[PDB]
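J.: Each chain, letter by letter, is given below.
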Amino acid sequence: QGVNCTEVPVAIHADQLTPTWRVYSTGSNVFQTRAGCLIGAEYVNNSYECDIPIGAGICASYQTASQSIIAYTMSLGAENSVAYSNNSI
Amino acid sequence: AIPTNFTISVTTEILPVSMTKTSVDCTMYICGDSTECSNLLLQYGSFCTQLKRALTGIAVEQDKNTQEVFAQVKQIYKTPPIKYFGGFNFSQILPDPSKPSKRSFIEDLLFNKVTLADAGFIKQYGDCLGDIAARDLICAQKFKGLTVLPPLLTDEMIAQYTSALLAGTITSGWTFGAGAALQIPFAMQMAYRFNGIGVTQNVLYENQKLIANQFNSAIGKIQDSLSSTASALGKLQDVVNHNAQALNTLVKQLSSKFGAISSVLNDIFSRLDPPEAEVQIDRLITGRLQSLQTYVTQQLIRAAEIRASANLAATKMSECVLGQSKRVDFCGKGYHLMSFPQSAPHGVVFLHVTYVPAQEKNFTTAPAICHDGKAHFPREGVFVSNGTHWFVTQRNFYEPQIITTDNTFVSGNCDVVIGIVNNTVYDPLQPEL
Amino acid sequence: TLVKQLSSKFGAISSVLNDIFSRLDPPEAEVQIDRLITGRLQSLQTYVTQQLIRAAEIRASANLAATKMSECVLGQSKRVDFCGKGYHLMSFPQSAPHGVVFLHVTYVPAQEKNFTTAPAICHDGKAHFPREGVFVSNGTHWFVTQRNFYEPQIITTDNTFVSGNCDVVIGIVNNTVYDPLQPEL
Amino acid sequence: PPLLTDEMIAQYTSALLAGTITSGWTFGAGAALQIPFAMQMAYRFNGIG
Ligand SMILES: *[C@@H]1O[C@H](CO)[C@@H](O[C@@H]2O[C@H](CO)[C@@H](O)[C@H](O)[C@H]2NC(C)=O)[C@H](O)[C@H]1NC(C)=O
Ligand SMILES: *[C@@H]1O[C@H](CO)[C@@H](O[C@@H]2O[C@H](CO)[C@@H](O)[C@H](O)[C@H]2NC(C)=O)[C@H](O)[C@H]1NC(C)=O
Ligand SMILES: *[C@@H]1O[C@H](CO)[C@@H](O[C@@H]2O[C@H](CO)[C@@H](O)[C@H](O)[C@H]2NC(C)=O)[C@H](O)[C@H]1NC(C)=O
Ligand SMILES: *[C@@H]1O[C@H](CO)[C@@H](O[C@@H]2O[C@H](CO)[C@@H](O)[C@H](O)[C@H]2NC(C)=O)[C@H](O)[C@H]1NC(C)=O
Ligand SMILES: *[C@@H]1O[C@H](CO)[C@@H](O[C@@H]2O[C@H](CO)[C@@H](O)[C@H](O)[C@H]2NC(C)=O)[C@H](O)[C@H]1NC(C)=O
Ligand SMILES: *[C@@H]1O[C@H](CO)[C@@H](O[C@@H]2O[C@H](CO)[C@@H](O)[C@H](O)[C@H]2NC(C)=O)[C@H](O)[C@H]1NC(C)=O
Ligand SMILES: *[C@@H]1O[C@H](CO)[C@@H](O[C@@H]2O[C@H](CO)[C@@H](O)[C@H](O)[C@H]2NC(C)=O)[C@H](O)[C@H]1NC(C)=O
Ligand SMILES: *[C@@H]1O[C@H](CO)[C@@H](O)[C@H](O)[C@H]1NC(C)=O
Ligand SMILES: *[C@@H]1O[C@H](CO)[C@@H](O)[C@H](O)[C@H]1NC(C)=O
Ligand SMILES: *[C@@H]1O[C@H](CO)[C@@H](O)[C@H](O)[C@H]1NC(C)=O
Ligand SMILES: *[C@@H]1O[C@H](CO)[C@@H](O)[C@H](O)[C@H]1NC(C)=O
Ligand SMILES: *[C@@H]1O[C@H](CO)[C@@H](O)[C@H](O)[C@H]1NC(C)=O
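Protein chains in written order, with the working numbering: chain G, 303 to 391; chain Z, -15 to 417; chain C, 132 to 316; chain U, 866 to 914.
Misleading hints may appear alongside valid ones.
What the hints assert, rightly or not - Below are the SDA-like pairs computed for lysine to any residue, each with C-alpha atoms no more than 25 Å apart in a straight line: (1) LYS205/Z with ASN96/Z; (2) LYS83/Z with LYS48/Z; (3) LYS86/Z with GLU381/G; (4) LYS257/C with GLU416/Z; (5) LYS36/Z with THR180/C; (6) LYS317/Z with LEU276/Z; (7) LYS107/Z with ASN306/G; (8) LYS36/Z with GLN176/C; (9) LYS310/Z with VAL236/C; (10) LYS317/Z with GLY893/U; (11) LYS126/Z with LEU276/Z; (12) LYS310/Z with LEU220/C; (13) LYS126/Z with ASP111/Z; (14) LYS48/Z with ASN194/C; (15) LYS36/Z with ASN96/Z; (16) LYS107/Z with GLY342/G; (17) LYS62/Z with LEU93/Z; (18) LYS86/Z with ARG336/G; (19) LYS140/C with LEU26/Z; (20) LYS209/C with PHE233/C; (21) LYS257/C with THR307/C; (22) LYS216/C with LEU205/C; (23) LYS209/C with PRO224/C.
Stated by the list, open to error - Selected chain C positions facing chain G (in silico; Cβ < 8 Å): (24) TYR238; (25) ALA241; (26) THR248; (27) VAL265.
Hints in this document: simulated from the structure, not taken from any laboratory.
Just so you know, even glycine gets a beta-carbon here, dropped at the ideal spot from N, CA and C.
Please put together the full structure from these sequences, using the hints given.
T.: So, in structure tokens, the structure goes:
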């Protein structure tokens, strides 16, 4: 969170960075959000209900063996246009 | 005294529902790029864990407040393509599709008067990495560990919520807050709204054009008022001012010596040996920890006020937008008819439509009418007389009718009530036979 | 957290009073004791402040609980979405550890049907308005029914009230009114 | 010292009480309209059913 991707999570071999995690955690499915760009979750077009909030209208969930974490955009609700007429009740 | 006209008036109400979500970094604020201070800070227990845990409940409850205030409908309704709501003109508040986002005109006016600062809602490091002059308030604060998180719900989602609510309350009345939306003509809905506040339906059905014209004039006036004048949305600005000023005070409080040799860790460590540098470092650490605790305390106090305001906004919205309220002065001044919600950057705005009588006139009354030795009381109304003949009217409008057995009921004798007068009542059975 | 914060050196040699009191002369032992006591007192002050903060939220929830009791249970609230979703009927309280549980009973309509409606009926050149209810039609004939349920009835003089002429209402229609006195005579 | 002296508060309460006696509830939603007290009590009795 709070940083552009711009190759900086790798920070060259990750040995000069404060975290000591594997370089695999820095190279994976890359997605850019408004709250910082996320690593390790695939982006899907379809919209579901929010499960694990991320920020700026983006949610993540663990759904299908079950696949990896999927990041999508939350859906406010269904669609229903009321059949309004001026002589109908 | 009984009125003759009435006036349709539209008012405004502003209520904050959320404040900015903030976060702090303990080590960067206290030590500031020094390994010795970082190693020594581990001996003070779990102060940083306490602060980081306390500064997250506020962030989550801001989103909780927004969700509980705005998300009150399971579906998203839309208006029909053909728009004619019985002569009323809602184009000033309906969403405009031929524009970025779906904000209406009133919302567009609102997001310019009070949006003085949108804050650093997660700005990238490359935005200000020392290039050009730069070094504004946001970038200087970020280098000390103070950051600002982005809200969960973007402005487009809030606009969609408000549009769905407004379309549902126009095209279905209040029936969409109980079960499923049920369509009904707008005129036959205003008939119910008038019938609720002690006024019959023939008052509306014979004065429809006047109602429409008054409503349109009021909505034009309320549109002009926000654009002009001082733009009284001040309660939405005080929160931003308080947050920014508290952050500025926290930043400025970093230069205090706290009764030490210097206010910078590196100079103290360079100019003194550890045996005597320990006391100075301890003094600085405890001073900065006490400085940091008070900010958390004040934020935790202000969160309660924001939560109370959000709860009041949710209650008002549920009880006034989704239905008519009989509580006095809860939603506007006068007799409540119906209200519309609008969005604000950190709050909500209501446009209450009320009913105000006018043009009263003088009369004389009588509790009963002793005819044929019996006291006749009005079934629903009041006895009045202009000086020769007696009539039965309503209480909120002048509409005289002849005294009849249909709209009067007999009870007891006419020798016990103090102010009885003498008159005759006409039975409709006699004239036809 | 308050218990665990008792094992912090706070810059002293050790977090044990007995160890510091021994092994050292009074002039420096008292300095270490003051250093420990300052932290061990400010932590307790912080805990007291946090508890005093939480008490206000608990009271603000208790007031709402009492109001809901007095309004939903001891009566029947008419304010929307206060005592449950839908039209309120009754409530039953239940007791839970450090709280209270309400069982709101409501009323929701289920099955709808389309209709055509009119604002008034001009029979003898006079507009007739419903006393309480609506005018609906199933295609050929006209009825009058209440709003929240479907129960059609014939239009009569004791069910509608006249007002003015029928050249002002925008969408008036034509029909007939029973006038039940006439057939009996 | 407080902004509003006790005399002003007493004046406010007196105005409210005189209004609610001489005009019922109509003075809180527009202009005050006179009405005899007995008829106002009858209206309130109708209000409580
Ligand atoms: C009640 O008020 C309405 C409007 O406030 C009055 O209608 C106005 O009548 C005057 C008479 O010349 C016209 O000039 C105005 O144009 C009318 N108003 C509008 C909006 O067009 C009506 O007369 C009032 N009723 C009584 C009994 O005084
Ligand atoms: C509803 O009100 C709007 C005003 O906001 C009307 O739009 C104006 O219409 C007139 C004539 O059609 C134009 O001269 C103005 O320029 C319009 N104003 C704007 C801001 O576009 C609209 O016509 C009204 N609705 C109806 C049905 O007349
Ligand atoms: C009080 O109102 C009544 C009801 O309109 C008036 O009675 C009628 O007044 C009109 C006005 O010119 C006369 O043409 C009618 O002949 C009156 N009706 C009857 C049965 O006589 C009454 O005049 C009004 N009183 C005053 C003092 O104006
Ligand atoms: C209408 O008001 C007048 C003015 O107060 C009433 O006259 C008073 O009646 C009471 C009743 O016994 C007397 O005690 C007062 O002395 C009367 N006033 C004066 C100045 O003498 C009148 O009774 C009222 N009308 C009704 C029907 O009660
Ligand atoms: C209304 O009419 C009745 C009867 O027509 C009046 O009652 C009479 O009042 C006088 C008072 O001088 C008595 O002497 C009579 O005995 C009463 N009639 C009966 C049948 O007992 C009554 O006063 C009238 N009310 C008003 C306000 O004029
Ligand atoms: C509309 O409703 C009316 C009354 O419910 C119907 O009229 C009756 O229809 C039944 C058919 O089941 C006949 O047996 C009766 O003789 C009819 N009554 C009269 C007075 O004609 C009418 O058929 C309904 N129309 C539609 C299209 O459903
Ligand atoms: C409702 O019924 C009335 C009375 O039968 C209709 O009024 C007459 O309609 C005819 C039809 O063209 C006209 O020639 C007459 O001039 C009307 N009478 C008057 C006094 O104007 C009325 O048209 C009917 N409503 C509808 C919608 O047809
Ligand atoms: C930041 O990320 C965006 C992706 O939205 C990219 O276009 C841009 O080049 C990155 N770097 C900077 C400095 O903005
Ligand atoms: C998914 O969305 C992207 C942009 O958000 C778009 O380019 C792409 O065509 C979409 N694909 C489908 C299958 O909707
Ligand atoms: C009512 O609706 C019909 C069809 O949509 C339309 O022709 C008619 O003009 C509408 N009524 C008014 C008063 O415009
Ligand atoms: C009613 O009468 C009183 C006293 O005669 C007078 O002061 C008052 O103005 C009158 N009401 C109106 C609306 O004129
Ligand atoms: C009424 O008819 C419209 C179309 O004419 C339809 O969309 C709507 O579902 C109908 N009402 C109900 C309750 O089914």
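J.: So, for every hint listed, does it hold in this structure?
T.: Hints and how they fare:
1. In summary, the hint linking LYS205/Z to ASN96/Z is supported, as the alpha carbons are separated by about 19 Å, within the 25 Å threshold.
2. Between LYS83/Z and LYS48/Z the alpha-carbon distance is near 30 Å, which puts this suggested pair outside the 25 Å criterion.
3. Between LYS86/Z and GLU381/G the alpha-carbon distance is near 16 Å, which keeps this suggested pair within the 25 Å criterion.
4. Using a Cα cut-off of 25 Å, the hinted pair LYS257/C and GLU416/Z holds, with the two alpha carbons roughly 19 Å apart.
5. Pair hint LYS36/Z plus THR180/C holds up; C-alpha atoms about 17 Å apart against a cutoff of 25 Å.
6. Of the pairs offered as hints, the one joining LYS317/Z and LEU276/Z is violated, with about 45 Å between alpha carbons and a cut-off of 25 Å exceeded.
7. Taken as a hint, the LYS107/Z and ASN306/G pair is honoured in the structure, with Cα atoms around 9 Å apart against an allowance of 25 Å.
8. With a C-alpha separation of about 19 Å, the suggested pairing of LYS36/Z with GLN176/C holds against the 25 Å cut-off.
9. The hinted pair formed by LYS310/Z and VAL236/C meets the criterion: a straight-line CA distance of about 23 Å does not exceed 25 Å.
10. The suggested pairing of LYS317/Z with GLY893/U holds, with an alpha-carbon distance near 8 Å, which does not exceed 25 Å.
11. This hinted pair checks out: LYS126/Z and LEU276/Z have alpha carbons roughly 16 Å apart, not beyond 25 Å.
12. Simply put, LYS310/Z and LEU220/C have alpha-carbon atoms about 19 Å apart, close enough for the 25 Å limit, and the pair holds.
13. For the hint pairing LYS126/Z with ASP111/Z, the CA-to-CA distance comes to about 12 Å; that is within 25 Å, so the pair holds.
14. A hinted pair counts as satisfied when its Cα atoms are at most 25 Å apart, and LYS48/Z with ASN194/C qualifies at roughly 21 Å.
15. Proposed proximity of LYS36/Z and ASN96/Z is contradicted: the alpha carbons are some 34 Å apart, above 25 Å.
16. Between the alpha carbons of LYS107/Z and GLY342/G the distance comes to roughly 22 Å, so the proposed pair stays at or under 25 Å and holds.
17. Only pairs whose Cα atoms come within 25 Å are accepted, and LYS62/Z paired with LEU93/Z is accepted, the gap being roughly 23 Å.
18. For the hint pairing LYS86/Z with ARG336/G, the CA-to-CA distance comes to about 20 Å; that is within 25 Å, so the pair holds.
19. Straight-line distance between C-alpha atoms of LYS140/C and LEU26/Z comes to about 10 Å, which keeps the hinted pair within the 25 Å bound.
20. A C-alpha spacing of about 17 Å is found between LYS209/C and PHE233/C, which places the hinted pair at or below 25 Å, so the restraint holds.
21. Pair hint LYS257/C plus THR307/C holds up; C-alpha atoms about 11 Å apart against a cutoff of 25 Å.
22. For the suggested pair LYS216/C and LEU205/C, the alpha carbons sit about 18 Å apart, so the restraint of at most 25 Å is met.
23. Under the criterion of a C-alpha separation no larger than 25 Å, the hint pairing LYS209/C with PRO224/C is consistent with the structure, at around 19 Å.
24. For the restraint placing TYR238/C at the interface with chain G, the shortest Cβ-Cβ distance is roughly 20 Å, beyond the 8 Å limit, so the hint is violated.
25. A cut of 8 Å between beta carbons decides the hint on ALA241/C: the least distance to chain G is about 17 Å, and the hint is violated.
26. About 4 Å separates the beta-carbon of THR248/C from the nearest beta-carbon of chain G, less than 8 Å, and the hint is met.
27. At about 7 Å, the closest approach between the beta carbon of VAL265/C and any beta carbon in chain G falls short of 8 Å, and the interface hint on this residue holds.
The structure fails hints 2, 6, 15, 24 and 25 (numbered hints given earlier, in ascending order).
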